[PDB]
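Residues per chain are reported as follows:
Number of protein chains: 2
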Amino acid sequence: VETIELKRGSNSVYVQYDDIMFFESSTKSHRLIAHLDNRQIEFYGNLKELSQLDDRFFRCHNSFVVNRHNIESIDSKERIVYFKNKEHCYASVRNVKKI
Amino acid sequence: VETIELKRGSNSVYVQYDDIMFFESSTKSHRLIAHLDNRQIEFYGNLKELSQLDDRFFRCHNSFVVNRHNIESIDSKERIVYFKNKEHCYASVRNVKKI
DNA sequence: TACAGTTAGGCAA
DNA sequence: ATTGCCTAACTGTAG
DNA sequence: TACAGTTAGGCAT
DNA sequence: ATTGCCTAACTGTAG
Numbered sequence: 140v141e142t143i144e145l146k147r148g149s150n151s152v153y154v155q156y157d158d159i160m161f162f163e164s165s166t167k168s169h170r171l172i173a174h175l176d177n178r179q180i181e182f183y184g185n186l187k188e189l190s191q192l193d194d195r196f197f198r199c200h201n202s203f204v205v206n207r208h209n210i211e212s213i214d215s216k217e218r219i220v221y222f223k224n225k226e227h228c229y230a231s232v233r234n235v236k237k238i
Numbered sequence: 140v141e142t143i144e145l146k147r148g149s150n151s152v153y154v155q156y157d158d159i160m161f162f163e164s165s166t167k168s169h170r171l172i173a174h175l176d177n178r179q180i181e182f183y184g185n186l187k188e189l190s191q192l193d194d195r196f197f198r199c200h201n202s203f204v205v206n207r208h209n210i211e212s213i214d215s216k217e218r219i220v221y222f223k224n225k226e227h228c229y230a231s232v233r234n235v236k237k238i
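One line per chain: the protein sequences are D and A, in this order.
Add 139 to the 1-based position in the first sequence for the authors' numbering, that's all there is to it.
Add 139 to the 1-based position in the second sequence for the authors' numbering, that's all there is to it.
Keep in mind that a hint or two might mislead.
It does not matter which identical chain is meant; a pair holds if it fits inside one copy or across any two.
[Said to hold, decoys possible] Below, a list of computed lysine to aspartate or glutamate pairs in the DMTMM-like style, where the Cα atoms sit at most 20 Å apart:
1. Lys216 x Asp194
2. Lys146 x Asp193
3. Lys167 x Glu181
4. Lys237 x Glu188
5. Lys216 x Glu141
In case anyone wonders, no lab produced these hints; they're calculated from the structure.
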């Protein structure tokens, strides 16, 4: 229905859009980490294209793409985005305005 | 032989000491993330006790415990610790001296 | 070093 | 099995 | 805003 | 399927 492949070489992981809280960059070259309800998945991708898939995926920071549908709350004073699963990331200066 | 349980509630994950590159803190309360060769595992634990399990686990930062056995290289000028799997973390001011 | 700012994990739910 | 509020202990930076 | 420092992802392997 | 080197675009901070 709303599926995405997270490409991983020797397999792929497939997930639904709204299974994902957010994505962030890994320390491994050209890898991201998809944050799901209570698993994190290492995979090959670019933040840019993922934010261009759907309006709910908002590139809130150079290093983070958040799913609007899974925001639990937002401290826009500290610029922390809270998710349903109690993870959080940060919205940059430039992007917090437009969430 | 050298096994550790990563307690996760509705299951546990068990791993060998040297399967683990390093541990870091999650954004989820009282959870850590174990970094294995190419998976990251969310679990309930404290950095302190893990560094006390074995000398190879060195608490190199408030937020990181590294496995000495899986260090690939160390930039002690930038204070970045590189691991066999091409992840890296940072050694704090206080701890980089003693690795 | 000592200082203004951040956080791991205790305590309660 | 999970979640927040708190503070003792850490963190990076300048003098 | 404009500035000194950091990084996502292109290009090569 | 993986890894490093590079730079255009981001990042936080002070004036």
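Check your understanding: Out of the numbered hints, which ones does the structure contradict?
Key -> 1 and 5
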